[PDB]
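**Student:** Required output: the full structure, derived from the provided sequences and hints.
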Amino acid sequence: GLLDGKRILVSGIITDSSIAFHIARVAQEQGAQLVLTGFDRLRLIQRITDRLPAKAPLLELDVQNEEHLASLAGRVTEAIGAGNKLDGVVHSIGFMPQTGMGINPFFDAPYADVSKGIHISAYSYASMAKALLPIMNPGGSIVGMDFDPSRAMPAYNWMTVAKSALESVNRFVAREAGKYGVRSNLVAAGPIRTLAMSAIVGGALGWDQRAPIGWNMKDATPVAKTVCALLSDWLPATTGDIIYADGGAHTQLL
Amino acid sequence: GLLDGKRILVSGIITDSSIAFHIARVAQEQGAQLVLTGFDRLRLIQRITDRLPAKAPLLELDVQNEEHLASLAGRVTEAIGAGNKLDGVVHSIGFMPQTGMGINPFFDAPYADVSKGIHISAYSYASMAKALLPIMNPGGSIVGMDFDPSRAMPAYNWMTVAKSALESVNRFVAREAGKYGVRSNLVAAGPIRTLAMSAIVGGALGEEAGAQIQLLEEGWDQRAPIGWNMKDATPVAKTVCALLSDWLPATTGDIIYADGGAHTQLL
Amino acid sequence: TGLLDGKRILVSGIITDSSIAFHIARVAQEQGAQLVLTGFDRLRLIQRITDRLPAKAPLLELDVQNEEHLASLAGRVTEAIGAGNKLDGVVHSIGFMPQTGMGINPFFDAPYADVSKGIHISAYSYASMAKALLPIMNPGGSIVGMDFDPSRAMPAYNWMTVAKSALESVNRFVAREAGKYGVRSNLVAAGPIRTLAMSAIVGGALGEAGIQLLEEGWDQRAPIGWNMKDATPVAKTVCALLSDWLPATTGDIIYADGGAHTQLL
Amino acid sequence: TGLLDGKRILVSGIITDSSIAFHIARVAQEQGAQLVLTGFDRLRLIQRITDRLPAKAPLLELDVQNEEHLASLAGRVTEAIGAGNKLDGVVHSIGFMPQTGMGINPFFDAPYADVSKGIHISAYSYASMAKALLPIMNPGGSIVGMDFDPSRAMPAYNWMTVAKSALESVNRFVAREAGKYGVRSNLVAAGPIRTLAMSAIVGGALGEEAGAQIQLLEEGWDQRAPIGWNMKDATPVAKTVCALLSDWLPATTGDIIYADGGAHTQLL
Ligand SMILES: NC(=O)c1ccc[n+]([C@@H]2O[C@H](COP(=O)([O-])OP(=O)(O)OC[C@H]3O[C@@H](n4cnc5c(N)ncnc54)[C@H](O)[C@@H]3O)[C@@H](O)[C@H]2O)c1
Ligand SMILES: NC(=O)c1ccc[n+]([C@@H]2O[C@H](COP(=O)([O-])OP(=O)(O)OC[C@H]3O[C@@H](n4cnc5c(N)ncnc54)[C@H](O)[C@@H]3O)[C@@H](O)[C@H]2O)c1
Ligand SMILES: NC(=O)c1ccc[n+]([C@@H]2O[C@H](COP(=O)([O-])OP(=O)(O)OC[C@H]3O[C@@H](n4cnc5c(N)ncnc54)[C@H](O)[C@@H]3O)[C@@H](O)[C@H]2O)c1
Ligand SMILES: NC(=O)c1ccc[n+]([C@@H]2O[C@H](COP(=O)([O-])OP(=O)(O)OC[C@H]3O[C@@H](n4cnc5c(N)ncnc54)[C@H](O)[C@@H]3O)[C@@H](O)[C@H]2O)c1
Ligand SMILES: CCCCCCc1ccc(Oc2ccccc2Br)c(O)c1
Ligand SMILES: CCCCCCc1ccc(Oc2ccccc2Br)c(O)c1
Ligand SMILES: CCCCCCc1ccc(Oc2ccccc2Br)c(O)c1
Ligand SMILES: CCCCCCc1ccc(Oc2ccccc2Br)c(O)c1
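Going down the list, the sequences are from chains A, B, C and D. Using this note's numbering, the letters of the first sequence map in sequence onto residues 1 to 254. Using this note's numbering, the letters of the second sequence map in sequence onto residues 1001 to 1267. Using this note's numbering, the letters of the third sequence map in sequence onto residues 2001 to 2265. Using this note's numbering, the letters of the fourth sequence map in sequence onto residues 3001 to 3268.
Just so you know, these hints were derived from the structure itself, not from any lab.
One side of the interface only, derived from the structure: several residues of chain D facing chain A at Cβ under 10 Å:
hint: 1; residue: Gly3182
hint: 2; residue: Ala3225
hint: 3; residue: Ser3246
hint: 4; residue: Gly3254
hint: 5; residue: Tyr3258
hint: 6; residue: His3264
Computed cross-link-like contacts, DSS-like style, restricted to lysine-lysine with a CA-CA straight-line distance of at most 27 Å:
hint: 7; chain 1: A; residue 1: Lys116; chain 2: B; residue 2: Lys1130
hint: 8; chain 1: C; residue 1: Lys2180; chain 2: B; residue 2: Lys1231
hint: 9; chain 1: C; residue 1: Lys2131; chain 2: C; residue 2: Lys2180
hint: 10; chain 1: A; residue 1: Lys130; chain 2: B; residue 2: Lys1116
Quick reminder that beta carbons are idealized off the backbone N, C-alpha and C, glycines included.
**Tutor:** See below:
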């Protein structure tokens, strides 16, 4: 398997549509041993993770909770056994209050709302790296999820700003991670039908055409595969960077 | 008179080294009628602005103060006369706490500090646009100051993240401003000796900050095909004035680099 | 009082009064510049066109594929602007790609001889012109070329996109050379404008063409809108770069496209 | 151990055992790929070099400026892999620029005939090879070319930088064509590697300003790379190419993957 013998933490499962769920499934199919983290509704999340190919410890992690972050490494070590470390970490976490999204006027989002979104969607990438690098092996890999924010667009509004911040954060996390022999990268995914897409983006409210190899919004697997590629030993010279799993859409104007 | 008859708001003057001070000076040399905004040290800033070529009204603006923002357009209108609107707005404002800068570990900056910096340095570009677009004329121009954050680097740390956010904010402000026939752009400047350079950046570099800033300039000037002088804000001020003028009428949501060309060269 | 008062500027690329170069020339003269013009092939026609400008400027022949023309260029310019005078600006507004390299013609079917001709005229010649003219430019001077953002592929532009990608790279190296003379080098990436090249080269290779959709999409993306029939905003931007008001910008690209490239949709 | 198990892959660009293409071929074979190799001009030497690979692989002649070679390529490949079989992968690891276009030679003094030859071999031929080989590629297939980030100018690289800028653009159009076949096209932008191609850049540069500039660029690369950069180690670049050849980056095309230690993401 691509990830045989690798110990990987995966955050961000909320439903079986979650990009993180597919990342977890594919990683398990590829031999990885997982530690999962979930936010808020852990009982409900556990029922979802029970549907994964293999058993995995589920740990609670609210990235705005300083104690959760402080205790994370210790709780992970308890789950994987003393003397063992992680080889991979997946940040698949985002949030933005409704005022910062959709048809709500860009100028009307209060800073308190924007700040919450940036905390959860961007700063927390640094928080998780801070918490977990001390228990990561050399050759390890941290991967976060991105949506190309290089151009403005309808609806994505302040989440675009949060992703621009996340890209910059990733470049600095790479400088820290390199001290541990660890890579840090983002995967910029095209649109996928997830809860966030439905409840956050859709609640607040061309890709296949542009993508030379097409794009299926109902299929998170190609994105999951791309994350697994970064978690593997097969992109060993790439860090601080962004890999686009978007069908090539961002490389085409029409 | 590049800006003859234009009414332009300029924020960000704190000393006569401020990039905003030179923007104001050059704009007045080019015929602009200014309204200035200052933060915190209003008595001192008034003395500074007395050193500008022409008299200009000074208004208080703390961009974290909701009341200041809510009253801003009315206060500007009082300053320029009823029925008159602005043709230009200059955002030349930033802040980051020391924990977010320099040799202080990147991971050790608390979010409260990072958030304050992002509020002042990035969100406030949207706040200022929100406040002032209702009193801007078609053909108008909003300009903010940037430092190219497309790559990470020593010391700039969380301010790099704030500038990355600011660039994104600018692209959305352009969408809103277009409804008013107004452009929104950033000028990404090379390093200039200002109070922020000395007190924020320099303060966080530890001992021999002076030598490190000298080395930064040396590298920048080497990389820049036309060279770079960190003691001279005039080239940056002229660039901002170009964007405030009628001579870049088809540019919006964009970034103009006033950096000697350094960002175009690897070595 | 003009933006370009007292400046001596060479402008290449006029073929009709719709040429981007024609509008650049017009605005530059309105702003006090003294021009020397260069033209390719149809010189008598070009002379008739330039009789429509505010002031009649000398026209020099320049086929950028002709080594003899390039070798004699600086001397001919100096005679036209008067010995003792140097240039303050140079405008490269030149491009070409054979039909095989454009439109609905298959990308893979363009022979290298055709692609190479297009790259010679559209990209290499920016270096050729800088080589010829830098020795007669004043410090503070400005070389400007015309670009069309090639960072993403698109229908129809095909191999011209490749030539523009090459041109952007050439510009960054010309900036290194030009800096030795205190001269800036930059490109203006313009949105779509109804010119002879748009009609004859682009439109011609589109076959059964009538571009309307291109205009509508561009104007929709551009937060301040975009008018394909109006070259003036592009001409103004070029004049900004020729002026003293962007003195710290070189090796760069300024986008005069209504902001379209900053918006996804 | 089997990243490319069962995949048939063409690898161009081996001239020495220091060639990036040699290491690509080596790593691909380690991962189960069945290769066909192509070489230019010195075919006897290249055959002896390719005998040093972990497994045997047929060698074909290909001068990318030779229209006849390109026209016969698909048929010669099919002869090598057997009728009814197709390629799953293609590696373009080919570059050339005449001496006038590189190094201490002034940028303005390179004649267009020289620049054009370099662009022909280094950029246009990516399209040439895709045109020839797409009709014999399977869906899910992958074409990969080698890039050196040309987004900023730099000392010595001169007209090759222009050729790479052209190659990046070509790749985006090749992706449009390749997509019709269900095939991806991407470039790997590698950091500097001490292949025997280095003399093309540093040749004659000692004592000249360019000499120190080239070394400064190389040392700066390792400095900027958050995980460091070893110019003597082609393996990480080879692995990256293999990742693109694999089934594990199925949604990436018209794109550039940077195998450079992360250096391009850091200003200092
Ligand atoms: N769905 C898409 O189209 C798409 C495209 C590109 C990038 N992304 C990114 O992928 C990642 C996952 O999003 P998704 O589309 O799978 O939607 P999702 O709703 O399935 O996952 C989002 C996750 O964020 C978690 N989260 C929110 N606040 C948290 C907190 N305070 N602490 C810890 N976790 C918290 C949620 O609990 C949830 O599991 C995000 O970074 C998102 O921006 C999604
Ligand atoms: N100095 C450089 O090298 C350089 C380079 C590129 C970009 N910039 C940018 O230029 C701009 C001006 O910086 P400067 O270098 O002229 O330094 P400066 O210290 O002269 O100006 C910074 C300004 O921010 C103002 N400010 C801070 N908090 C504020 C608040 N809550 N409300 C309103 N104003 C507030 C300060 O009072 C001051 O006037 C900033 O955006 C900075 O990041 C500076
Ligand atoms: N029209 C647009 O939409 C548009 C948009 C962006 C950039 N551009 C660029 O603007 C510039 C001018 O193009 P235009 O649109 O005004 O079309 P145009 O047809 O009016 O001008 C093109 C010019 O190229 C000149 N030229 C061709 N071969 C030459 C040679 N061998 N030597 C010297 N000159 C030669 C022609 O004579 C002509 O004057 C080009 O670089 C073009 O790619 C055009
Ligand atoms: N070595 C580096 O640091 C580096 C870094 C990034 C990218 N690259 C790229 O990697 C690729 C291989 O470079 P390398 O360093 O392994 O050098 P190399 O000399 O080992 O390989 C270059 C290959 O091009 C082949 N070639 C030249 N003309 C040809 C023609 N007419 N037809 C077919 N093949 C031809 C040569 O025979 C040779 O095998 C090139 O595209 C190069 O630009 C090299
Ligand atoms: C122009 C249309 C924009 C749709 C983009 C697709 C998309 C959907 C959900 C995302 O996940 C989130 C989006 C917003 C807040 C939180 C999360 Br998780 C995300 O990052 C990106
Ligand atoms: C050695 C690190 C590189 C920085 C050099 C240039 C510079 C200096 C001051 C700035 O102004 C600020 C910098 C940080 C916070 C607030 C302000 Br205003 C700024 O944006 C950029
Ligand atoms: C749907 C197709 C896209 C058209 C874009 C607009 C445009 C038109 C003409 C141009 O000028 C030329 C275009 C090609 C060859 C020569 C010249 Br000059 C140019 O650069 C760009
Ligand atoms: C100042 C820059 C120093 C580092 C450059 C690394 C490098 C070396 C050889 C290359 O391959 C070639 C470069 C030129 C001609 C032929 C070939 Br193969 C190439 O693309 C890139």
